[PDB]
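Asks: With the sequences and hints as input, model every part of the structure.
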Amino acid sequence: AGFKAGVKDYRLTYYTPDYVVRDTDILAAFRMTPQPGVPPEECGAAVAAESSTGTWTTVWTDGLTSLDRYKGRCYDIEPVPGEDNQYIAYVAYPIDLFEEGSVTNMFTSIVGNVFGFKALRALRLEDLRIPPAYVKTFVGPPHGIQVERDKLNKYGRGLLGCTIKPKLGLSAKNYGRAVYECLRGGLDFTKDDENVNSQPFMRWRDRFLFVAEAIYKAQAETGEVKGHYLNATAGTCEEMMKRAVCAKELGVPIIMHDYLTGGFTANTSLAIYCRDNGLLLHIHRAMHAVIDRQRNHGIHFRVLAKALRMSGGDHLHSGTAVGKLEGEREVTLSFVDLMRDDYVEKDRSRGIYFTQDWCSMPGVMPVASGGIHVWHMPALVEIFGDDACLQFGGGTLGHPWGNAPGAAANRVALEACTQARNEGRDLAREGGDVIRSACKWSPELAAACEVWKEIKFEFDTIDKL
Amino acid sequence: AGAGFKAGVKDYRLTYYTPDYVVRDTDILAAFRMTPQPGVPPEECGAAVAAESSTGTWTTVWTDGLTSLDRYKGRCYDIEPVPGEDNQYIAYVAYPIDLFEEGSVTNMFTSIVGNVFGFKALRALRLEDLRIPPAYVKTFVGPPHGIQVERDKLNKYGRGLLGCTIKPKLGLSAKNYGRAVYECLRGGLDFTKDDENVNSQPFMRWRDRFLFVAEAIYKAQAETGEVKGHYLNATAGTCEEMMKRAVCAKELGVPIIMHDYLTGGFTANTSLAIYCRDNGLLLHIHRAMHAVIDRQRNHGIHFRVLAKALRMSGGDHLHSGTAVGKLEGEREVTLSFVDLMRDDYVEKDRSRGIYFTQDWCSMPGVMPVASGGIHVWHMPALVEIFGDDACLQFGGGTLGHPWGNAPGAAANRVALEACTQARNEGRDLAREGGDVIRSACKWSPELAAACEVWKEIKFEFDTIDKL
Amino acid sequence: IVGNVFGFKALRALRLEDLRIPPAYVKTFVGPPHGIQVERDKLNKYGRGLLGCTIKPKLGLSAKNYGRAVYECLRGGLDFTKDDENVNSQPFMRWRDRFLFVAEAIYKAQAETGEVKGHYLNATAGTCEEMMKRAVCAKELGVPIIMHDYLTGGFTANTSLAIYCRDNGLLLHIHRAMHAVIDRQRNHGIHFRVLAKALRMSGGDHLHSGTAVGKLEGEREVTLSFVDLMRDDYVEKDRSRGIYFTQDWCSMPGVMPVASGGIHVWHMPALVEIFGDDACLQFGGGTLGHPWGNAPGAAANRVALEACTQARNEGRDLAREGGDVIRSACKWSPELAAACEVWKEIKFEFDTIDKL
Amino acid sequence: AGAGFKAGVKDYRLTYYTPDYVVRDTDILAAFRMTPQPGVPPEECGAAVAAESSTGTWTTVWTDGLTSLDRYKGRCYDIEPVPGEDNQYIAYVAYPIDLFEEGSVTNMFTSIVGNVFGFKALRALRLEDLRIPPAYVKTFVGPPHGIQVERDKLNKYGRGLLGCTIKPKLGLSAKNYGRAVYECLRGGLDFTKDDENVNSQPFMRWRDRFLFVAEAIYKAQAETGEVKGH
Amino acid sequence: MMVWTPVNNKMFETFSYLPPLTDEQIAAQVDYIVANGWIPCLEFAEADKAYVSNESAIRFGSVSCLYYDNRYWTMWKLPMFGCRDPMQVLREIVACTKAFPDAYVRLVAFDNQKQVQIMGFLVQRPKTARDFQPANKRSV
Amino acid sequence: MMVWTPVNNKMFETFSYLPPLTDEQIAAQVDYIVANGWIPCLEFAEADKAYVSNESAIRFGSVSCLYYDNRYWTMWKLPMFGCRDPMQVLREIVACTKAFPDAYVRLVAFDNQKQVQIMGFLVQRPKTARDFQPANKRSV
Ligand SMILES: O=C(O)[C@@](O)(COP(=O)(O)O)[C@H](O)[C@H](O)COP(=O)(O)O
Ligand SMILES: O=C(O)[C@@](O)(COP(=O)(O)O)[C@H](O)[C@H](O)COP(=O)(O)O
Ligand SMILES: O=C(O)[C@@](O)(COP(=O)(O)O)[C@H](O)[C@H](O)COP(=O)(O)O
Ligand SMILES: [Mg+2]
Ligand SMILES: [Mg+2]
Ligand SMILES: [Mg+2]
Ligand SMILES: [Mg+2]
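Chains as they are written, first to last, in the deposited numbering: chain G, 11 to 475; chain H, 9 to 475; chain A, 120 to 475; chain B, 9 to 238; chain O, 1 to 140; chain I, 1 to 140.
Just so you know, these hints were derived from the structure itself, not from any lab.
Take the hints with a grain of salt, since some may be wrong.
Calculated cross-link-like contacts (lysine-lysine; reagent style DSSO-like; alpha-carbon spacing at most 30 Å) [what the hints assert, rightly or not]:
no.	chain 1	residue 1	chain 2	residue 2
1	O	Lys114	G	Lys356
2	O	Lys98	I	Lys10
3	G	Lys128	H	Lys356
4	A	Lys463	O	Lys114
FRET-style restraints, in silico, Cβ to Cβ [what the hints assert, rightly or not]:
no.	chain 1	residue 1	chain 2	residue 2	range
5	G	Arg446	B	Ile140	35 to 45 Å
6	H	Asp470	B	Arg167	37 to 47 Å
7	I	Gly61	B	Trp214	33 to 43 Å
8	B	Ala222	H	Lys463	53 to 63 Å
9	G	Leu74	H	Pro142	46 to 56 Å
10	B	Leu169	G	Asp33	29 to 39 Å
11	A	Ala132	G	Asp33	39 to 49 Å
12	B	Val149	O	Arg91	52 to 62 Å
Ideal placement from N, C-alpha and C gives every residue a C-beta, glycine not left out.
Replies: So, in structure tokens, the structure goes:
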């Protein structure tokens, strides 16, 4: 076997249906739509080749190494029922292909170029099996759910937060004023909006100082630990770190980062800084729906969530099912389990293509946020249980009596639903009764219930399983 | 009493649909291709996009009264139905310059594309274009050097530059990497490069590669008498690791590094571009992952926006597509990327998918890089599309030559120079290109061997991302 | 001295028994960061042995549970608690989380009792840079003491850490993990007396000495030789004690011996008799195994120690009257009585391998 | 009443001898050659070694109940009597990967060999082997270069490399050290080396040696045309 | 519009925003502990040690992030490992509050699989406390 | 199970966990000082200066390690160098406590060869002190 110049089919090297996957291989499940006339075996092989070791024509240098050892392998292809031209192609990648601890590198191989190939009409990465041997190369989340609860001294219920609004346009002093009023009413956290970084209307360091004053005021007033996710997202790594250092120096508990718009390289650096300095790290998934909305093309959020758990974050937005942004109940639950649990079994009915073993990597707190309000509380508690943060921005700052009553309304709702569950009530069946009873008891909650009673977000789902 | 706080939900269009708004020269403008859910009016959908990418949320908040929503709100100022579509619209949104962090592509994307693509009320959304005004452009450091400076540093004029990705993508040792690099460069290529996914791995650690590659660069440069480089990949898992790799390149005195701007991310990329400016390194940008975002017509972000973003964040080269190679990118769309990345001023032209006039206010131009499944027979088409200010990259097209890398390189170099000469002589490459290559394959044995192996190889498929 | 010669084909076995370190060489070492007198002075603790306790289970506790256990131990009358030698940073408990919760616990117990408290925070790490980061955190928390596993971390790291502790005013507890790999057998290896001298030179404020009576091997007379070699300024040659050379320490500070491992309240008189006041006596299982929990466990140990100390001061012979002293104390203190009952039958009596 | 806290001493084997345990592919495994004291059963000795190198101490502690000993405990899962020895056994112990600090050989040794070799209940103990699973191996940076890279940097292939320790071990001056090095290297050795105990001493300070050795390396390399090192 | 009072309105984490728990309601929470196999425990603190504070930070460099004093309270006896009898828990509540009638007392429970406290609420406050409001006086 | 009280249960280092020392027991400790040739001394402090505190650390950078205020007390007269008469020591205890009836007073002794305090215990607390428990009230 020597060097023969020229083009041959990818399938001769990269389609290996008799391959038995190794427990250290990274596996990918791609939903692929070949161009007409391109056999699925050749398409799957092309995806395997061009995401691992191969190019479009035979190269002599292959002979200096062992393609057998390094090649990506398309090892199974299954037609998708109800589709005439969609297939799931399974690809196995040797662990040697990957830089240790680098989500950036993993994505560069698996999703770097293959989505642009002329020979395919569409491609979606549905799932990735990250083996324990690769998981162990990552620092991972700075703290994780248990440590976070222990540092905050908060147990037995979901956490409550709130994004300050309007998104942009408030001064630093008005930002802290809004924060103090929200926190003092019973919210655990407030947060910078994802796009609040540093701007002409409000420079970051001014915000950080006034927010620190607000946190400490509300904490002293209520006797409960408080925090506000200060946004470290910035134009450069140096600016991001400056922002993290100021948070450290103010003694405040938590910062946030937009991992996709800032990027994985910055995110991983920030997570390492947070581990080393004891800061909690809230992760905002801004831009994810550019990538993860459509069924035929992109990357499913389950992969983006796994990637974040690896790169590092103490919280990650999960979707709400019931709010203004898309994300069906069962898919949301799959995200919750993948981000919190140590071991998640393959379950195709849930969209989980591979068994995922996290080998004791800390769990990430899911965050439910976006167009939620008090009437959603029983459904949210039922979906997430206690280990979640539920965020009410509009649902707090839109309360007719202001932020502190808005916060109290949300806190009473959460506590009433939690108490009812503990007492043995079935929130899926009796949730309406539970919230109604609470609205009849608390004037603050009653005011919220009245304003938002008719408000629902019910649309056809785009990202169906 | 005047206008006070009224709690509750109202239509976004009451505040955010402003069809009589006259855009300001400092506004950032966005053109969104929007597919509303049944029963949602386009005006409401456009208003929702403007609201939730600027100042608004789903219910009225009292804090609006403390500031001036008029001053800060994003504004949907025009909606046009799409010809040939029953439920698609172009919604135009204007954002005041005050909404944006100076010098931060990260911040600009966080607002414009952060949340709105996930709204239940829309079925699909694509960001087609952005108008970046000069007053915002001027806040960016931008490309470390740009085309003119790069040519002047390399002492290379009068033709496209030639490059080549080492293959196999992964699996070569550091020493074999340098061996392949030396053989490629010495045959007539200006550059070689690490594959986008070559960072640091068990089979080859980055610092070993950088050293052997340095030896190869300097060997080939001494042999040929022409300046040589190899794009050493600084892409890494953390900013600290990325910077260590850039520092090593600096300390070896080599000309150029590379970064995967989308998989590494804008925050890291901007930092790296600033480092390259301060230390005199060229920065080649690979667009790995772009097609995840930019392939489909109905949803995502068009590459023209991702290209503008990179010019702002900073890069000396950026992959543009080839038209004729293995990856998708139609000729006219490729030319729009070329002009948007190279030129100082690009006029609105809907026929080209250019929705806004773009003024770069003297920000340096970025060298387009044509790469992916190209070979010698494509040379006339590439020279005709790109002219001289481009890098043409042949990985498989060099390392797949039957006589090895140096003859492969020479074949590509002869083909390029033959087409350039013909162009200069007034020959129409669009019509005479085949003749030019055939004449050159007859003269050069190295080229003849390449011509024979790849004569029948074409990449012709239905285009997904049609204008 | 020990680099290559133990592997020579021409010998069947080789054991380094002793080293005479002359004053002119001793004087080239920074030595212990503080030493016994300075440690007592910083802690404001005089007139009795110090009492400590290793948190258990060895591994598997969360950072918050670690601090919880520490607070409960310290508040009952122990001077110190400690990380187990193998508690460094792990998936179940990362080091910085532990350091913070332990700081909370130390300061809570100190405020509650009015006595200075500490917890030996383990700086032992995979690299010198990681070790130093851990030391720096302890410095920044204002806590009194850290620990290092000198043999598994190694002498180069240990010497660096001791110098850091001198420069920043941290006490340094030294754990001798791995020593028995080297020092157990009579025919081959290096006797602990040499490993102890080496530690005194490299630097440590405390060093484990063995107990005689507990779960790990170390006969009474040999233990006493370690105590004298680590504490005293001058130790005369005495072959009957296994001391092959006169050792002159030329004013190098003394290291506090630490008696640890399978000891409990019934051993208290023997321990006080062996060590006198200048030692730390550590009760891990002997505190966290008390039927009423950590604070009562700590109180039991503190009462036992104080009762034995008082009795000794009064002229009672602990070698002959020790049993009576503990019995009288168990009758007076309910906490001690509960400990006495649980461990009454528990002894560790086996043939000694490392005989002189 | 479920299983609660019972103060006092019980046999280690009740918790730490688990002969039916199926080892996981991520467990660190140890093979210990153990010699128990008379009257100590091998199961109890093996269990004690497992316990005291993982989670256990000599008496029952209440804090076990706050965590999961099943998840964290070391497990003696097999005992083999030794060929020709009445009182020697190989005890096999499995340690969950969670017990170990990533990238730290120091930590791994501290658990596995930290205290157990000193237990009164054993007469002797030898650690014979360790199975380091891939998931733990991958947490280490490992060798700076390794064989292939070394050969490639030195440009040396097709034969063993040749070296030489300078002698006498101690007592040479820096200038005489470099003199000896140059003469060795120039005659065909690839490497010379400092003796293990040559660090910095009154007869030869390290930086003086490093400079003269540099001169010697470069002189021999220029003379022979082969890469040299010391 | 009602105004949430900032004066003497201190809270106590889970369930502090609800009406005070009746004996029946406390009993139901204990049933929930037992039903789920969690480990009940009681903790208590004198008034001066009840709420988070910062005093120890005087000794620190720039390392106060997520450090607070008074998160740890004092354990009543030991966690009730193996307890499957709700009446035993309630009896310990009576015994704890009898021994420390001027202390704050909270009932907590631990999950040993997650290794975290999984529930908790206040069961006693000192009669002398004047820093909290009854439910109907939280807003004015 | 008895619970060790965290409230008003301050201790005083050596011998504080035993029953209060009788006059005979104090005399026996003095005999021990004299028998060993150690140097007796008395020290005293007002209540506010009796227990370790952190207040001076407000003036520091990151150098609080093993710094505490109130470790030093005030010397009564001078150490009794050359004293070999236990009755003289006992008389000074009386004189010191009479002069400062509201102060904490401790008896200490020094070894000039080790150059360290070699023993010490409290001999008086103020009658107004309410921050300590009698032996039978240390657990409940
Ligand atoms: O900007 C916003 O819209 C929010 O602040 C919610 O505001 P409201 O609470 O006022 O709705 C959140 O960032 C989104 O929920 C993020 O979406 P996701 O969680 O899906 O990533
Ligand atoms: O990995 C590859 O496939 C390449 O190295 C080309 O190899 P060949 O030269 O052997 O084809 C380039 O990275 C792609 O061209 C990038 O695509 P684009 O330029 O469209 O971003
Ligand atoms: O790990 C242990 O076993 C200990 O924590 C004691 O625990 P217990 O108090 O529960 O016995 C000590 O590290 C050993 O005593 C060290 O031995 P040595 O002092 O001989 O070096
Ligand atoms: Mg937001
Ligand atoms: Mg490539
Ligand atoms: Mg130990
Ligand atoms: Mg040698």
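Asks: All hints are to be evaluated individually against the structure, with a verdict given for each.
Replies: Hint check results:
1. O:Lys114 with G:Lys356: Holds. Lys114 (chain O) to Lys356 (chain G) sits at ~22 Å (cutoff 30 Å).
2. O:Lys98 with I:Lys10: holds, 22 Å
3. G:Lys128 with H:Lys356: The given pair, whose Cα atoms are some 28 Å apart, holds under the 30 Å limit.
4. A:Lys463 with O:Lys114: violated, 36 Å
5. G:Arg446 with B:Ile140: 35 to 45 Å: Check failed, 60 Å falls outside 35 to 45 Å.
6. H:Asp470 with B:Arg167: 37 to 47 Å: 59 Å Cβ-Cβ, so the 37 to 47 Å window is violated.
7. I:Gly61 with B:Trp214: 33 to 43 Å: Holds, since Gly61 (chain I) and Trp214 (chain B) (Cβ atoms, about 36 Å apart) stay within the stated range.
8. B:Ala222 with H:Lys463: 53 to 63 Å: holds, 57 Å
9. G:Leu74 with H:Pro142: 46 to 56 Å: Between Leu74 (chain G) and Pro142 (chain H), where Cβ atoms are some 52 Å apart, the hint holds.
10. B:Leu169 with G:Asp33: 29 to 39 Å: holds, 37 Å
11. A:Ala132 with G:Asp33: 39 to 49 Å: holds, 45 Å
12. B:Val149 with O:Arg91: 52 to 62 Å: holds, 57 Å
Hint compliance for this structure: hints 4, 5, 6 are not met, and every other hint is.
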